[PDB]
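Q: Below are the chains, spelled out letter by letter.
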Amino acid sequence: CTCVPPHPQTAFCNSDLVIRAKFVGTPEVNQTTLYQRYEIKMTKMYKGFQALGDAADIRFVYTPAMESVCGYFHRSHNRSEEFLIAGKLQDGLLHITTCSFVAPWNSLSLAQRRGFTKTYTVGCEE
Amino acid sequence: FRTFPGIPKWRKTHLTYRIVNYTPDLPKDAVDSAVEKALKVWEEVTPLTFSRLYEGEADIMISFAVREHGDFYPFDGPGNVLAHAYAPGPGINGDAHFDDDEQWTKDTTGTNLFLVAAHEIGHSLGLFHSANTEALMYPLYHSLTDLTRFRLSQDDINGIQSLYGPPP
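As you go down the protein sequences, you meet chains B and A in turn. The first sequence runs 301 to 426 under the authors' numbering. The second sequence runs 83 to 250 under the authors' numbering.
The shape of chain B in the complex, shown without the other chains:
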């Protein structure tokens, strides 16, 4: 899988949900060989209120089974660490891929944070 990542703004507009969460578990094939899923602990939700969420409705993020076909690969040491996951909703499930904008919240500039929290929406429709 090869790809051109999105700018954070495009990541925000085209995604269905822009959640903030922590990776709770290692990848496991759920009810399909095609996708692997990560159990996640959702803290803050910046987008996708047409799917609720609150603090524990989205508990799994899906991605393809194998990297070659775009599966996302997460490898952090501290599980309480927080990430910004901008993803789509196939069915009612959050999907992520190699290109999906996923970065630890803490690494995010103050500007990017402000964009996710308030300003990116402003540029989406036009």
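Since the hints were made in silico from the structure, they are not lab data. Incorrect hints may have been included.
Stretch-level coverage of chain B by chain A, calculated; a stretch enters the list once three of its residues show a Cβ under 8 Å from a Cβ in chain A [claimed, not checked]: (1) 326 to 339; (2) 359 to 373.
Over 10 Å on every C-beta distance to chain A, these chain B residues come out as not near it, computed from the model [to be verified]: (3) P305; (4) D391; (5) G392; (6) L393; (7) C399; (8) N406; (9) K418; (10) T421; (11) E426.
The C-beta atom is built at its ideal place from N, Cα and C for all residues, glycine as well.
Knowing the structure of chain B, use the given hints to seat chain A on it.
A: Then chain A, alone, in the frame of chain B:
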């Protein structure tokens, strides 16, 4: 493999491939150039050989598609995911598909078909994504200016040769 089909490496050196259909974006003859130049990148570093076919099933079935296209991974329209490929093996394995919704170009003014094919073919041969940003097998399309000075990362060489050996 253990659950999904596929093998770590091709159990033969002489592979065959086919460019199933073409993208309007670029003149048929230019696609052939990109794909072939692509494949050569790996032949130089291994004893592998590639023979083009025009009928029947080749190992590596190269093709362009949009949105839904047969396999269980539809393409995402313009942007984001530009292409995907499968590991060595029977059937759909080794194959490489390309997102037509992208602007395919043979130059540094769009998404360079060569660059992407070179990457995808690495998967058809048994390679995985690299963390080394300088490595071709890095998934994030890093588009380089002058194409003439394109070079493989040592890492890819060590990678592909640890499988198929260096040229004899």
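Q: Taking the hints in turn, state whether each one holds.
A: Cross-check of the supplied hints:
| no. | hint | verdict |
| --- | --- | --- |
| 1 | 326 to 339 | holds (count 3) |
| 2 | 359 to 373 | holds (count 8) |
| 3 | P305 | 6 Å, violated |
| 4 | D391 | 13 Å, holds |
| 5 | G392 | 18 Å, holds |
| 6 | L393 | 14 Å, holds |
| 7 | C399 | 5 Å, violated |
| 8 | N406 | 20 Å, holds |
| 9 | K418 | 24 Å, holds |
| 10 | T421 | 19 Å, holds |
| 11 | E426 | 17 Å, holds |
Going down the numbered hints, you'll see the structure goes against 3, 7, while the others check out.
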